[PDB]
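Starting off, we have a lone chain in the form deposited in one PDB entry, written out as structure tokens.
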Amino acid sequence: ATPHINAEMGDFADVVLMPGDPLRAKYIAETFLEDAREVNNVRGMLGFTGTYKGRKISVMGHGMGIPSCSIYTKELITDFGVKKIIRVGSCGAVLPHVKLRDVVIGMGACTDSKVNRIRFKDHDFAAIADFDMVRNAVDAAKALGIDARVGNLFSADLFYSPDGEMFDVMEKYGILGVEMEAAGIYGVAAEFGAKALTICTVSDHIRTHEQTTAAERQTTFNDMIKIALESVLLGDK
């Protein structure tokens, strides 16, 4: 156990799915995992372990922001033997052709955080996902009949930015979605030698501001999780 996770080696599977919202972790465990059990409750960051189609899988929230998810991912890798981390979240879109409910896979993640510069002697470290994990997720999506865009995400430190100037810049350079953790998780994976991937569903757009129908948004969220879980099986082969 650590100050943030009251569990022991063995309590987590070697693969952990991670949503930002701890309440979303309980939702995922209840909906897709069989014979699941709660393995952490410290600070209310619920974690669960169960099986998917016979495969042992864990799911736990990571909180909002690079600093928060950096703590949890590091501990899972160095204290609980986790090999793969799959972040499952939401993002905002800036590109005109990326629409609501689009499933985005971040092969890379830009950021305005200073954490990777501190790690990489003030130079440019390209925060990327594990290639095989990206491939497995793209393949799982095809199998489910889902289209998925693979590209760059942007991990922001400030949800409420003082200068809405970076949005035009992100759009200019092709960023697919704006979130707050990918670059941090990729930095941790590289520093401690594990593999990671971030998958997101477009929750809102920079330009047009119009939702759809709850039922439809919730269907897309479940598709993302199915893509995540099915990508793991593909990787096991």
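Positions refer to the first chain, counted from 1. For clarity, a rigid core is taken as the largest C-alpha set superposing within 1.5 Å between two forms. First, how it differs from the form deposited in another entry.
- Rigid core superposed between the two forms, residues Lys53, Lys172, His209, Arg37 considered: the one with a C-alpha shift of 2 Å or more is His209.
So the form deposited in one PDB entry is up there; where is the form deposited in another entry?
What comes next is one chain alone, with no partners or other molecules.
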């Protein structure tokens, strides 16, 4: 057991899907995993392990922010033998042509956090995902007939930022989605020797202030999960 996870080596699969919301992790287990059993509940951060088409798989929430997901991903990698981490969350769009419920794959992640500068002697560390995992997700999406843009995400420390002008800068440089974890998870993956990928579905528009509605939320969220789970199967082949 680690400081934030009460479990033993073997309780988690070698691949773990992670939404920020622990309640969403429970939903994923009940909706997609077979023989799903709870493996963690410390601080209410629910974690589950089961199978998807005979493949052992785990799912656990990671909380909001780089500092929170950094704790959980690190402990999984160093004390539970987890080799691949797939964040499955929501994000805000800054580009006019990016629509609600769109699916985005972060090959890279920009950030205003200082964590990677602390790791990289104050220089620029390009926080990137594992290439094979990115390609697996693209193919899986293709097979499901679901569209998906591949590019840069922006991991923000402040959901309520006092610098609205920065959104113009994000847009100018082609940021596909604004979330709060990618850059940190990618930094941990590199520091502790594992592989990671972040997939998001546009839950709202930063400008239009339009947000998730109706039952489009479930279908779309379920599509993201399908892509993630299926992408792992391609990875195993």
